[PDB]
Amino acid sequence: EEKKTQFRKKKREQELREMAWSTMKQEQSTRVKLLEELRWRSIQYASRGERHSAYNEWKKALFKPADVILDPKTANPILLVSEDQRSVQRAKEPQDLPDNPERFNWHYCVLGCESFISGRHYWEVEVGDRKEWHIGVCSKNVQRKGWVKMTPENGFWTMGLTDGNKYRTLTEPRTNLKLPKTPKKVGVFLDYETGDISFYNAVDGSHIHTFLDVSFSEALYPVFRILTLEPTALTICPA
Amino acid sequence: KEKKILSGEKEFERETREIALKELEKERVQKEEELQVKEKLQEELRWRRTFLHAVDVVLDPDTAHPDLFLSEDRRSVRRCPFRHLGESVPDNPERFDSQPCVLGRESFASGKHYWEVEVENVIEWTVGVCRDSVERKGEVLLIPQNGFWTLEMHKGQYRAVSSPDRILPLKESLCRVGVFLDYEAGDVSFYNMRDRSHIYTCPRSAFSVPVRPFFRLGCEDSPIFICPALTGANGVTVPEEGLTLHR
Amino acid sequence: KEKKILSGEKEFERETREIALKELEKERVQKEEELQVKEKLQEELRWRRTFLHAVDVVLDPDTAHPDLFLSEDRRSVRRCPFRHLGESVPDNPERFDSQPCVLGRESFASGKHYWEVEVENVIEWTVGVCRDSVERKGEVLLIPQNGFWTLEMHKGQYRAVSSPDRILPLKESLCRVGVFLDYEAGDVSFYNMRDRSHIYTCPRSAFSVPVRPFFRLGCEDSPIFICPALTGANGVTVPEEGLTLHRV
Amino acid sequence: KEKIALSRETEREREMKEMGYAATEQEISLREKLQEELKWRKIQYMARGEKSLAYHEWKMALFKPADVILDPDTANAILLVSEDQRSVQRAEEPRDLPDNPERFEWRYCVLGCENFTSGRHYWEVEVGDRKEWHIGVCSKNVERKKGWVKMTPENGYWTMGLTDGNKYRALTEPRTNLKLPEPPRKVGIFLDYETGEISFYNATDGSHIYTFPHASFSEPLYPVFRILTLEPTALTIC
Ligand SMILES: C/C(=C/COP(=O)(O)OP(=O)(O)O)CO
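Residue numbers (the authors' numbering), protein chains in the order written: chain B, 246 to 484; chain E, 246 to 492; chain A, 246 to 493; chain D, 246 to 483.
Don't read these hints as lab results, they were simulated from the structure.
No incorrect hints appear here.
Mimicking DSSO-like on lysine-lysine, the simulated pairs with C-alpha atoms at most 30 Å apart in a straight line are:
no., chain 1, residue 1, chain 2, residue 2
1, E, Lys283, B, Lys385
2, B, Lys318, A, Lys276
3, D, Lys395, D, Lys424
Extracted from the complex, chain B is given alone in its bound form:
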């Protein structure tokens, strides 16, 4: 009878050996992936790389392109969305639309369609020669009915321009940014596991701002905000 028990133990321990080898293989793959990723990170950080010889390269290497589409079901009744679902405009008078429980009734915000759970993504937005805008990311369980301050402690990570000359990031209390140039296109980058949100200038390559060391526990959406009536619209560059 001891032979049968030895056979059973041999089978079980063989299965443990198989699981050990599988763990080994995942470890090796993770190591080689981390090595190549670190090389790409090094060439990205290498200097203040701004002569386009890196920005395109490291953006296509370490971040995947995302297609962002605007849904009318979230827009405040003031806003207008195009047939391509790419641009946003402000109307003179509010429209008459039903009060579904996923619409911004007070703020002037429109959300995207898809959510982000894990990974590294990016997108590009055209601001043109506007005088007022705010862009960023937001959580899913944020408050949509009423007034709530746009703050990371409430679920908003945004920045933008007001008054035609004042650039700022929306924190408690608000801070002032000092740029030596006029951004015309803005690139937004998101890294989930690390907790990194980055705003870049997409025409030359300079660096604007970075939210870092934040623990996300839910899903994230892109968010846009406008407050003025202008002949210029907010365009989302396709990819």
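Since the structure of chain B is already known, use the hints to place chains E, A and D with the ligand on it.
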């Protein structure tokens, strides 16, 4: 007979299934009808929620400081020179003891409201809004961190939330002042009701509790008047010739 | 053999029964919550209209005369001669072509409303309330018989519903005028807005039809302004110091 | 024979499992080392945005510290090296020294004993209120006799000098002058042989000063200190 008797209850089980199913059916239809009526009510509220209301305030003689004299209509007050020579006013928990202040009687929790006050021929006064849960015994500081949103006149200058570093550069003396409240936006605004010109707007803050009007009088022997709401011609007779110049 | 299978299925049948009971109690608790929210809704509706409503008046350009000039915000009107000539204005069934009058955009069915008008230096004006089923194509006398409840100024005197035996003995010039409406009591009143004093009240009548604001401008190039409702600070940004002396 | 065969197969599978686990441990150790380096570089770059106090921590991690000892046999006649072989002060007149090919006949340069074949290294030198000096690295194959070798980064010399206390300029073509509002009193030199990078930093507040162009190395280098003006302020190495 065990098989037969144990199979005898399949009809009972079927009956129980049946009654459960019909109960589910009337539950479905009933809840659908109730949902329809609720939807109609919600539509009416959505239409009616975007209006501005003009209110009329009557003062509350329970929170009044022991040294304040109110008119019989409860629409004017004055600060009297130690009128308590033989008068006793008991100290209930809702009565101010060290501050000469009066509160309104209505509590708001939604929507937009506004009202008007006449401050002509007065020297020091304070007008604004306050939370109902504010400390009333002992000296307190009228600061938005405690729940007070006020505008004041002090030593010939116009003061904001009572920080002495943001005096306002007004051009003439104020005669009629308007207070405007928007609850869902954390909006408290002060207007001048001669040109209907915007004067001041306080930083937005979440209320989370009902709010009440707040008046404070700092001078001696001087009245403040609250303008009543427009009532038209109710309680009076309109002759066929018409009513002209009613007082 | 059938007894064992019968016992095996009987336990499953008895086990599947309680599905009904959790379904039932969940239905009951949800019903209780819905009834609570409905009663709160009804209570706040009852706390709703018994109030006074300050209205935001915007004029519609499909009722105006082919002679009046309107502002781009639809809150001002003036009378100008030989400016719209050569421009084809459609002949609508609701267009005025007899008298220079404009109507408001909102209709009223119940409750109390009031608004204000600015008549600083206009020489001939008429303001009031008209039924939305009045004659628009003919020279209708502005009298309460056809459905006009108005106040006007004519050649330097303030007069009532336009019977010339109702001259109002005013004592000062009128700069801002308030108009008040109460549907249930059939009440239309006119107020002087400098000190909030009463000017006139029209004889009681039943409307039975939705009513609208009504403005008529005489021979004068001076425009008339309608005071907008108080908005506060919506659509603007508030710093941590506050918003001071805001001019649009 | 069957029971012992099953037992020995069990022992063989046990050995399989244990060496698989050992290889797993070595692999996770390598991965964790890579993770540490990645995070160190991340904060290094993020601090380089404006400024930080992190400067005097991250070098303890990325590059190994220096014990640089001067070589008197490479010391020029007009410079006297202290007995510690750590600091050198310019002397008035070239002392009695036999001709040495390692000694710069025209340049007033001193080379250290050790050789930087590979790896990453750094060192700080205090200047205080120094009026003129030149700092950097140079290779062995270069010319140490002819004085006509101009200052370019491609002759084996990676150097920069401060002159008058108001031009902190690199020894390249053209005369690249770099602006620096605050006159530092201690400067750090960072060498990366694998990628051929030279970094010139200020050891007061972690202010970036200069980055050389990406030219790959081909030979181990040696430290170079050049003094052309006699000034009481000296140079000390840390
Ligand atoms: C109407 C506007 C509200 C802005 O309120 P805030 O005062 O919070 O402005 P900000 O400091 O930029 O967050 C957006 O709808």
